[PDB]
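Asker: For reference, the chains in residue letters:
Number of protein chains: 2
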Amino acid sequence: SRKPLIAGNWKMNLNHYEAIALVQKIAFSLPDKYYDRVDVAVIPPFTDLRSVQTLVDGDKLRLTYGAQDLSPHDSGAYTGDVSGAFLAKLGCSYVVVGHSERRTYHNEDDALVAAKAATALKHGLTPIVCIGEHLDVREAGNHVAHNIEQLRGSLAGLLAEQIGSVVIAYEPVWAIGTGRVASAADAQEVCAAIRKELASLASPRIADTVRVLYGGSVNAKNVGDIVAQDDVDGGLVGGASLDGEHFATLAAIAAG
Amino acid sequence: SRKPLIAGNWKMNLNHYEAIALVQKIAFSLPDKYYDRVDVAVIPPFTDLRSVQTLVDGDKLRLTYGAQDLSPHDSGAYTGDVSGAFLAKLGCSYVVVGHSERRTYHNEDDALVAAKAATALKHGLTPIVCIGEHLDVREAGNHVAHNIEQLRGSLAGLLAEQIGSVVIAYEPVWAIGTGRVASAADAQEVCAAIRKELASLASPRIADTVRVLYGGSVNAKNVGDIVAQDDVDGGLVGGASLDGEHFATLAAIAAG
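From first to last, the protein sequence lines stand for chains A and B.
When we follow UniProt numbering, the leftmost residue of the first sequence carries the number 2, and every step to the right adds one.
When we follow UniProt numbering, the leftmost residue of the second sequence carries the number 2, and every step to the right adds one.
Accuracy of the hints is not assured; some may be wrong.
Same chains, same names: a pair is fine if it fits in one copy or spans any two.
With a straight-line cut-off of 30 Å between C-alpha atoms, the simulated DSBU-like cross-links for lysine-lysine are [unchecked claim]:
#1 90 with 61
#2 90 with 26
#3 123 with 61
#4 26 with 4
Treat the hints as calculated values from the structure; they're not laboratory data.
Pulled out of the complex, with its shape left as it was, chain A reads as follows:
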């Protein structure tokens, strides 16, 4: 089976002591037994990573953590940018690449996302490679093909075993601020097509190991229907990740 993953994208929220308080809310809210059945990760801003790392390692917590971006380069004259080497040294397990906010606000195209994914893997990090279509594509009925094409572009250059080392997240961007709602069936249709394409880019065996997460709006009342879907392996969670009790509840549901 694929072990489900519930990863909380905090976005640009929470300072370093707020970070510690949130991680403690989660740790003290989620019964230990659940970790054998679900992987649970927090994804704080860069500036919170030291604080989270030392809490998680110092208290031997079973939650893992990650970052929200990284440079396609390893080091050098890139003022403002953060290397995957730094994230690795901090013990990060995951790094989000290609989030729709970065694609939109920061002009990140598929090729850059692919480069970031490769660099993540060079530093032993698991990239969470995000894809998803806008409402115009969805309305045209071309959402499956568009997602496949975006996946191919965002994984370009990766070898089959490298594909086996990524996570994919499907963001139904067409359901953000448009008033549209993505159903569990909508999620399953795309995540099934993702897995079929991964089987081509790698192998069926490898595609069957890759976690494909839902990255739309997740809460306690919809998470179970979504993660119950055959090809959906968890969630890249937005706003609910900032409420420790709520986030713990998502993890418990995804576990069983």
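Position chain B relative to chain A; hints supplied.
Answerer: Leaving out everything else, chain B in the frame of chain A:
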């Protein structure tokens, strides 16, 4: 007089262990008498800031520190981005805005830089507002005017009193990787024109308090000539900032 400022832009270099080692080397290397004569700051990657804060505060160091960028927003759905609220809580004194590398690699324009400067000030941070012309402009002889227009655009929206709370850095981008070399006289020409413009944008009294740094190649061989100039108040240092002894040496020279 204006007290000189030597600020070390680490760029995308040094993990959190290396950051600690470097700051301790700097503190070991720079005699305490020098801080009454020069202000010294380190500008690490985001992921090193907590580590640097705890060392500075716990060792009661006289060096200060800052970050290499920030969002124009305070919080929200900006995956990957870092808030000036976070930087303030980490005890940063400075934040670099509009570094040439961000203008070139990340498409930041003067208006974005001005918004970042304003947001830095809202969080009690001193923005280091970077400007500088590329080779084509220098080769045309229009460099002063180009810099003054960039300065005006990169400080747009700031009130006269807020201009008193910024630092300016002149980057001779035309001499960065081109084979051209900027002299101390070249720095003084632009820095004097920057101050003249600050006198117009703000007032002559405010302009005489604003630190204007040189942000080209600074090393132990040229720092004295640079800081000797009438309108140059220090350096935004690159690669020499990564060697604790060398960096301490720069500060010592800048101090007398």
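Asker: Need the list of violated hint numbers for this structure, in ascending order.
Answerer: Violated hints: none; all satisfied.
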